[PDB]
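Chemist: Mind docking chains A, D and C with the ligands on chain B? Use the hints.
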Amino acid sequence: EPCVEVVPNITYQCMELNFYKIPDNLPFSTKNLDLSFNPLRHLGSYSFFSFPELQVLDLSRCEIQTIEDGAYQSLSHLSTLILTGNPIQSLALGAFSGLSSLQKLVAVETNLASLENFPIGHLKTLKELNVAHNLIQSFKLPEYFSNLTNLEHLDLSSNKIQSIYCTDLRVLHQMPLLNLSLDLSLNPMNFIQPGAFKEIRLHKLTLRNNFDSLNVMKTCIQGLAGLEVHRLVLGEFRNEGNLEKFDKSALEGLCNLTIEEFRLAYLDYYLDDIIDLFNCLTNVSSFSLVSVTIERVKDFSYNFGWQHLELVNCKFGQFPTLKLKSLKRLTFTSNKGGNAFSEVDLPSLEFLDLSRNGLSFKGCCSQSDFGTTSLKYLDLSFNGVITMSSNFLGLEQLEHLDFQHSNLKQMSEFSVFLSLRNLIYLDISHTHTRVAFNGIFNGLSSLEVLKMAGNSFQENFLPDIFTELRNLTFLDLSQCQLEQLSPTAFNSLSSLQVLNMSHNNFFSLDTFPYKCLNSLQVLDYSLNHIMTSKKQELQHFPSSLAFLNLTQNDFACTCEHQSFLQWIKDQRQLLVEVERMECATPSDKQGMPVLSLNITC
Amino acid sequence: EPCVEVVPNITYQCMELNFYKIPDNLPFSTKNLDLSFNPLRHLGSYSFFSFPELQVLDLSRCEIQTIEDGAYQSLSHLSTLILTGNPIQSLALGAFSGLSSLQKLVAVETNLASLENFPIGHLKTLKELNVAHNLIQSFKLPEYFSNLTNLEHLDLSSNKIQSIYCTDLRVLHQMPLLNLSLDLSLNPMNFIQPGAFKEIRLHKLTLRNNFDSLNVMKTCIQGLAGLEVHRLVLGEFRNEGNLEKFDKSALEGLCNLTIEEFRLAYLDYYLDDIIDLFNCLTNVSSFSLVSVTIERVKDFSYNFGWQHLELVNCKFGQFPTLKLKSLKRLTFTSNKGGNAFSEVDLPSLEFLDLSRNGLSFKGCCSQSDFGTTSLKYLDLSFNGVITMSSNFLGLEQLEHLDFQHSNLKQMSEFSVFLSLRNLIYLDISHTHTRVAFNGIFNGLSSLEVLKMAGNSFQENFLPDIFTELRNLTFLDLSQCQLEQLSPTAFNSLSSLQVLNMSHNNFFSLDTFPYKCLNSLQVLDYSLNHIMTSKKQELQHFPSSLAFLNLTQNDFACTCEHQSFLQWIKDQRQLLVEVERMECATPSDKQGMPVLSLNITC
Amino acid sequence: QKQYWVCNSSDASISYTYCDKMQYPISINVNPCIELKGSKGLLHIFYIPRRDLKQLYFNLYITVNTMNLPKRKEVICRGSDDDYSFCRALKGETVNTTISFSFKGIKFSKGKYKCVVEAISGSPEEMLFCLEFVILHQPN
Amino acid sequence: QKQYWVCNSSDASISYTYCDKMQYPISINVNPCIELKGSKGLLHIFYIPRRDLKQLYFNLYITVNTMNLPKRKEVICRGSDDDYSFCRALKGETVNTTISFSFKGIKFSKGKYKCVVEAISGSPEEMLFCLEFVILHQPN
Ligand SMILES: CCCCCCCCCCCC(=O)O[C@H](CCCCCCCCCCC)CC(=O)N[C@H]1[C@@H](Oc2oc(CO)c(OC(=O)C[C@@H](CCCCCCCCCCC)OC(=O)CCCCCCCCCCC)c(=O)c2OC)O[C@H](CO)[C@@H](OP(=O)(O)O)[C@@H]1O
Ligand SMILES: CCCCCCCCCCCC(=O)O[C@H](CCCCCCCCCCC)CC(=O)N[C@H]1[C@@H](Oc2oc(CO)c(OC(=O)C[C@@H](CCCCCCCCCCC)OC(=O)CCCCCCCCCCC)c(=O)c2OC)O[C@H](CO)[C@@H](OP(=O)(O)O)[C@@H]1O
Ligand SMILES: *[C@@H]1O[C@H](CO)[C@@H](O[C@@H]2O[C@H](CO)[C@@H](O[C@@H]3O[C@H](CO)[C@@H](O)[C@H](O)[C@@H]3O)[C@H](O)[C@H]2NC(C)=O)[C@H](O)[C@H]1NC(C)=O
Ligand SMILES: *[C@@H]1O[C@H](CO)[C@@H](O[C@@H]2O[C@H](CO)[C@@H](O[C@@H]3O[C@H](CO)[C@@H](O)[C@H](O)[C@@H]3O)[C@H](O)[C@H]2NC(C)=O)[C@H](O)[C@H]1NC(C)=O
Ligand SMILES: *[C@@H]1O[C@H](CO)[C@@H](O[C@@H]2O[C@H](CO)[C@@H](O[C@@H]3O[C@H](CO)[C@@H](O)[C@H](O)[C@@H]3O)[C@H](O)[C@H]2NC(C)=O)[C@H](O)[C@H]1NC(C)=O
Ligand SMILES: *[C@@H]1O[C@H](CO)[C@@H](O[C@@H]2O[C@H](CO)[C@@H](O[C@@H]3O[C@H](CO)[C@@H](O)[C@H](O)[C@@H]3O)[C@H](O)[C@H]2NC(C)=O)[C@H](O)[C@H]1NC(C)=O
Ligand SMILES: *[C@@H]1O[C@H](CO)[C@@H](O[C@@H]2O[C@H](CO)[C@@H](O)[C@H](O)[C@H]2NC(C)=O)[C@H](O)[C@H]1NC(C)=O
Ligand SMILES: *[C@@H]1O[C@H](CO)[C@@H](O[C@@H]2O[C@H](CO)[C@@H](O)[C@H](O)[C@H]2NC(C)=O)[C@H](O)[C@H]1NC(C)=O
Ligand SMILES: *[C@@H]1O[C@H](CO)[C@@H](O)[C@H](O)[C@H]1NC(C)=O
Ligand SMILES: *[C@@H]1O[C@H](CO)[C@@H](O)[C@H](O)[C@H]1NC(C)=O
Ligand SMILES: *[C@@H]1O[C@H](CO)[C@@H](O)[C@H](O)[C@H]1NC(C)=O
Ligand SMILES: *[C@@H]1O[C@H](CO)[C@@H](O)[C@H](O)[C@H]1NC(C)=O
Ligand SMILES: *[C@@H]1O[C@H](CO)[C@@H](O)[C@H](O)[C@H]1NC(C)=O
Ligand SMILES: *[C@@H]1O[C@H](CO)[C@@H](O)[C@H](O)[C@H]1NC(C)=O
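Chains as they are written, first to last, in the entry's author numbering: chain B, 27 to 627; chain A, 27 to 627; chain D, 19 to 158; chain C, 19 to 158.
Just chain B, same shape as in the assembly:
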């Protein structure tokens, strides 16, 4: 079978196989046939009959000239067509004749000329229709749209469209119920007569890099009057030519509409003031900026009503100062410019995310740095340097907290987590810290998840700090250069199930510290160098244990302490990969699995 079977009897793909006609030896009840880069200079009536059931088809770059009538006749349940790249010089009328249930249709790079010479009038339940990169001239919607229903997208971008007229969209007035996420980008256009968009209701609209100068943009915005969109997107694309100047004079009057979301993307100019700009873009229940470089602005503070804000991949000189009276979520990620921090006042806020920026702190954490009183989530990972000088005072309702891959300071000088009495999640990983104060985890009486991997210990001996954590279940401490454990550390932790203790430097193994843990299932000793036990007092493990790594470490195969190997081969019902436990200390016994070999003496 030249056509590759990737999944048997349902999906069969074969591309670039130099065919000249439809392959038939494929199974009868096949679905989602792929067919690409196979020259089919012309398609014939009933070209697809041996596949009565069929979900997906594809004809991508299969050079097609003319599709005649009757095609796809003996064919139902076909939900997808992809007619990409095939230069069609004559689409025969009546094509797509029998298609009971079609939803998606894609015709890209097909040399079309208009929309009314497109024979989908009998269709229904068609949801998406992508027709882009063509040669179209007028944005005059044909009439069969009245018949059409449940259409959602109509993406006609990067064409040779020039202007609009009120006569257009005279249809679609008679649609009491309609959702249309219209779109048109990269179009060279310069004029819209007023009144065109009127009493219409969309659900999105994207216009990026379709204007050549500022006055054109002003006129075009004047062209929109009463659109009432739910989401609008403006900007440009880096790859091509863009605008030269941008001020408060531009973008003005945009508040003759009724908007509820905004999204500007990739300005190439060094904007310098955000106040009296974006001015009547208030009451917009969301706001966002992407890849804009406002490198010098002074008064970021103002009174907008914004319930959601995003600043992604921007640039800055200062950390922005904010004063919003109703802002429930903030997201300030992946920024590059400044490395500092300042006070903000967000009296009603319930979500933070300051990740990957690389900024620094001082006197990190207190209710006076965010002005709030009820903050439920908080993340500070991948920043530069944080200094602790106040245990979290005034934040008695906080349930999520992360600090991984930051650089902490002064973490072991006092009880840093002392007021948070309702906490569930906590992660301090790969921060260059040094635990040297028993009772640093004092006050956390509800923690259940605890992560710390890569944090040294004083003289490499585990102290007795795990007390009052009576709900902990998932405890993570690995890559911490331990060398020994306290005899009674894991006491009263009667709810642990996972316990990661891999990649450390141990030499002995003992069962006494884990004597009374009635809920363990997983136990991890992977990347250590364990040679023996303190002696053969190795007790039973708690019955509940059913999983135990003991692999990936060098053993010593001499008849000394052979009783240890006797004890380990005594219980094989808990190991994992018996083939990767092998000793290499004696030169002769090398690479030989442990449980296999039998020893003298």
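A couple of the hints might just be wrong.
The list that follows gives simulated cross-link-like pairs (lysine to any residue, SDA-like), each with its CA atoms no further than 20 Å apart [to be verified]:
hint, chain 1, residue 1, chain 2, residue 2
1, C, 109, A, 184
2, A, 388, B, 387
3, B, 435, A, 381
4, C, 55, B, 393
5, D, 125, A, 414
Derived from the structure by calculation, the hints contain no laboratory data.
Modeler: Relative to the frame of chain B, chains A, D and C with the ligands by itself:
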């Protein structure tokens, strides 16, 4: 002997022993006798005869009332007197009668009243004279100073002096050669008539916290005219009351003098502009500031002629911008305020020191960040975060460099030290790095000292990076969590003498990697866990070796590999502390020194 | 294999070949020819993909005259509302673009620097293509 | 040993005794009495040293109800041109000063906090004195 002998037959001290007269049972040829807190209500003629030779004396708080004539008569070579705290109501004239060679004299808290009733007229070669915390009224130098010569200090501070007059210092006009480091601080004074200091030449002058308001300071500075001092010090003390206001109006006219150094200390006001302040303090060949808080100043840049600058324990908002045409040394240490960095332009500079500040970098190192062309020294230790994005280009003459306890980034992505072909010193210690690129030390063809302790390695295996370093002698790599070494790493390093390899995690010992190193003397294996060798192929070490730590690690005492203990006890002429090598692996053999025990089997 | 030459400068001799078995053609050009000292110019690319070049990215395996380096990972365009225009295309659709580039600030010694490129894309994240570059360097 | 009381507040009962054998007297006072919640006030000290209190500094051994802490090292005045006036005195010379202090921003739980003070000074760097503090704390 109640009087404690601290060093035999030369120095004997005894304080607080409740004596009532000079102890005599002390040896005859004793020096530097101490005597403190022993009540001697009155001193008698020839009180000190049994000590004909004597260098130092002391009578501190030994309550003295009257010293009569003839004292210290049978006494020469006595170079020091300390008459502290003893309230003297009558110093008998003719005292200090026979003192051939006296240099230092201290009389503090002695209730003096003037300076001419002080009988040192016959003295000579007296260098220092400290007389402070007394009750003096007039700064009228007596006349025997004409007889006096080689006097250097005269420290009369914290007295009840009120003003000065031109009649004062009429003496000391007739001194063609003279060095006097005069001083007077904490004096409540409010007026100096003009012309007092005229045609005089000092070598220091300190006036800290001796004025009560700004206008008083202006008048007093007007009082100085033509002083020609080599070093001047102003400011105040934190412990007491200070000034309320400070601007360019203050401190003006200070350039009627001829100064060459300046030092302001501990302003308590928030100064806000440094230009047009310190204005005619140009041509001053040095400048320094200590504990001043100029938290908001904009244009630090200006054209002064300053050949040396210091900013110690200051505070700042921004990192200062500098443009000096002739500044050969800079020292910017222990500051607190800002954490950033910027470009400077110092066209002729040969020394940097930016230590303990805690600031951060980006695009760290290139000749465009310091504008210079010949920089010989450089130190960047104890800062926050440094990022490497350019190997040192344009700095082909740099001989000293340090980075310890910083936080480096991107150190292993390319040859970071590639243009420095004349380097001797280099230290990268406790920076959280990860060596994973062979040839990171490419281009350094003159290094001799190399330090790196606390820097991990990829998978804990030493690669072959030490090539072309044909002069290295002192190589430091410890606390790096090594677990094994390449077989041929230390080749062509035919000039090493010190080699620190302690505190790692080894298990085997082999002599092959160190086969051909004809210049080793010291070899360090201290805080490891060495149990045995790979086998008994342990060769001879290079003859030159004469020092070898093998202590502080746990051994295993079983007759298995007893040949290893035979081999180690075979050469004891290179060990260090044979008493701290003892095994603890077998429970019986614990704490017992190794070379002592003898084993069966 | 066949040798695909690109351009020559005073100190650069860029060239490239295929790495894996798939041999879908491609056309690349740079102007002006790079000098390994910090340059600036334009890069013209013409290609016809075979998978959805969406959330594309790059893996890079470098080699400095037989000394390897860590693996570099470059995210070209991600998620929604991307900076580049071309990375919303589909299969069979021709991509034809030009992008500007510039660098300066590092000294490279003589050698035979070699690079390995891996393009990954698609919602199931398969490879797209792979090439092998060769760059000589002889400072004057 | 003898019990040296200092002052009482709503939540503080500071007291102190000697640690080592030397028992050179000293006089300390604070106003107003510290509240272990962040306060501000003045501290009056009268003393008569026995060594040159020059380049003085402090070592601190803390104890939080039987849990030790690391050792703290405080440099009071150092080198030349120091901030404080008193630290240029000599033996036998009376020191009599007052200094202002203030703190706020940390919550301390109930307990029996205890501290160990070590003053080091002099050019040969000998100890000067040593004391033991006791601070109860019962928030209202
Ligand atoms: C196909 C070859 C395999 C890849 C070759 C190496 C690629 C390394 C990937 C990372 C490079 C990068 O980060 O981008 C940019 C240089 C672009 C690379 C050149 C395109 C290659 C063309 C290949 C086809 C042609 C045949 C560097 C950069 O930092 N960009 C951000 C920055 O730009 C801004 O400031 C920087 C600061 O340096 C300078 O940079 C410089 O001039 C020097 C810069 C790069 C030095 C290495 C350049 C390698 C050239 C390879 C030649 C190709 C021969 C085949 O310094 C560095 O950044 C060092 C970083 C570590 C480099 C390690 C590479 C060593 C490999 C050696 C292999 C021989 C810029 O000029 C510019 O200043 C004007 O800052 C801006 C923002 O201001 C930022 O934009 P953004 O904030 O929106 O993201 C840029 O992204
Ligand atoms: C004798 C008892 C043993 C010692 C007790 C602990 C001493 C700890 C030494 C370090 C303290 C310190 O750094 O100074 C200062 C507080 C002074 C200590 C109080 C004097 C004790 C009197 C003893 C005799 C009386 C019986 C803190 C400080 O940071 N100072 C610099 C700073 O001041 C400035 O900004 C800070 C920012 O916090 C605030 O601080 C605060 O209010 C809180 C501060 C200290 C919290 C601990 C205070 C312990 C009091 C002990 C009570 C005594 C009972 C016997 O927060 C912190 O700094 C936390 C640092 C870690 C603290 C660990 C101690 C835990 C031990 C618990 C033992 C029970 C200041 O109010 C103030 O804001 C106005 O910044 C300025 C500059 O702006 C700086 O000046 P500088 O730049 O010129 O150096 C200050 O030095
Ligand atoms: C305890 O924590 C460690 C963290 O170090 C967990 O470890 C990780 O285990 C996975 C599974 O083997 C490793 O993934 C592997 O990567 C290789 C190379 O790509 C691949 O071939 C394997 O198939 C596998 O995917 C992973 O590298 C390793 N380390 C990390 C940092 O993730 C471990 O699972 C934890 N134990 C328990 C019981 O949770
Ligand atoms: C012995 O160690 C190995 C690793 O060294 C354990 O492997 C298992 O590791 C994988 C990889 O992380 C875990 O994977 C799953 O990973 C996805 C990654 O996105 C995560 O989202 C899932 O929640 C899930 O954790 C896998 O869970 C983990 N095994 C177990 C049982 O959790 C291996 O498990 C260790 N041996 C034993 C008996 O656990
Ligand atoms: C190799 O590098 C290590 C650095 O870890 C050098 O080590 C240090 O050795 C000295 C001398 O024993 C240690 O000082 C000791 O401190 C204790 C406690 O105060 C004191 O009782 C001893 O008398 C001694 O002074 C020091 O702690 C130790 N570590 C460090 C970080 O300095 C070692 O000397 C180097 N080897 C060679 C041959 O240079
Ligand atoms: C075995 O290890 C010990 C340390 O664990 C080596 O001790 C010696 O350590 C001292 C302390 O650092 C070195 O001290 C001198 O220290 C001053 C400190 O300021 C330094 O400025 C001097 O330049 C000097 O290094 C001492 O030099 C060092 N011993 C030697 C021979 O250098 C001990 O030396 C190790 N065993 C052998 C045989 O080296
Ligand atoms: C571009 O540069 C390369 C490298 O210098 C040239 O290739 C070499 O070409 C010279 C001259 O023809 C030969 O002598 C060498 O044997 C070639 N070596 C290799 C490894 O190819 C190349 O010729 C240059 N291109 C042009 C058009 O001159
Ligand atoms: C200062 O506070 C302390 C601590 O509360 C007081 O000491 C206690 O005093 C009460 C009342 O006299 C006694 O009942 C306790 O037995 C004491 N306990 C200890 C440990 O001393 C002290 O009395 C207070 N000072 C004054 C003047 O009231
Ligand atoms: C289209 O609009 C309707 C209006 O109610 C909404 O329910 C639906 O979710 C929208 N379509 C999509 C894909 O969200
Ligand atoms: C968690 O802890 C709280 C208080 O410590 C306790 O009331 C509760 O029973 C524990 N378990 C769960 C599942 O909440
Ligand atoms: C005093 O001044 C002279 C002037 O030549 C100088 O040589 C000498 O060093 C000075 N004294 C001190 C202690 O520096
Ligand atoms: C140091 O290295 C240089 C060049 O590598 C060499 O000329 C010199 O002999 C070496 N030794 C000394 C002591 O300079
Ligand atoms: C790519 O587009 C440019 C636009 O003018 C065109 O000149 C060029 O021929 C196109 N590429 C190809 C391979 O045709
Ligand atoms: C310390 O000086 C003040 C200054 O007025 C004085 O009142 C006090 O009595 C002095 N201390 C002693 C113990 O005399």
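Chemist: For the pair we were handed, residue 435 of chain B and residue 381 of chain A, check the Cα-Cα distance against 20 Å.
Modeler: Distance ~18 Å between residue 435 of chain B and residue 381 of chain A Cα, so the pair holds.
Chemist: Check the hint pairing residue 388 of chain A with residue 387 of chain B against an upper bound of 20 Å on the C-alpha distance.
Modeler: holds, 18 Å
Chemist: Does the alpha-carbon distance linking residue 125 of chain D and residue 414 of chain A stay inside the 20 Å limit?
Modeler: With a Cα-Cα distance of about 14 Å, the restraint between residue 125 of chain D and residue 414 of chain A holds, given a limit of 20 Å.
Chemist: Given the hint that residue 55 of chain C pairs with residue 393 of chain B, does the C-alpha gap stay at or below 20 Å?
Modeler: holds, 17 Å
Chemist: Given the hinted pair residue 109 of chain C and residue 184 of chain A, is their alpha-carbon gap at most 20 Å?
Modeler: Holds - the C-alpha atoms of residue 184 of chain A and residue 109 of chain C are around 17 Å apart, at most 20 Å.
Of the numbered hints stated above, none is contradicted by the structure.
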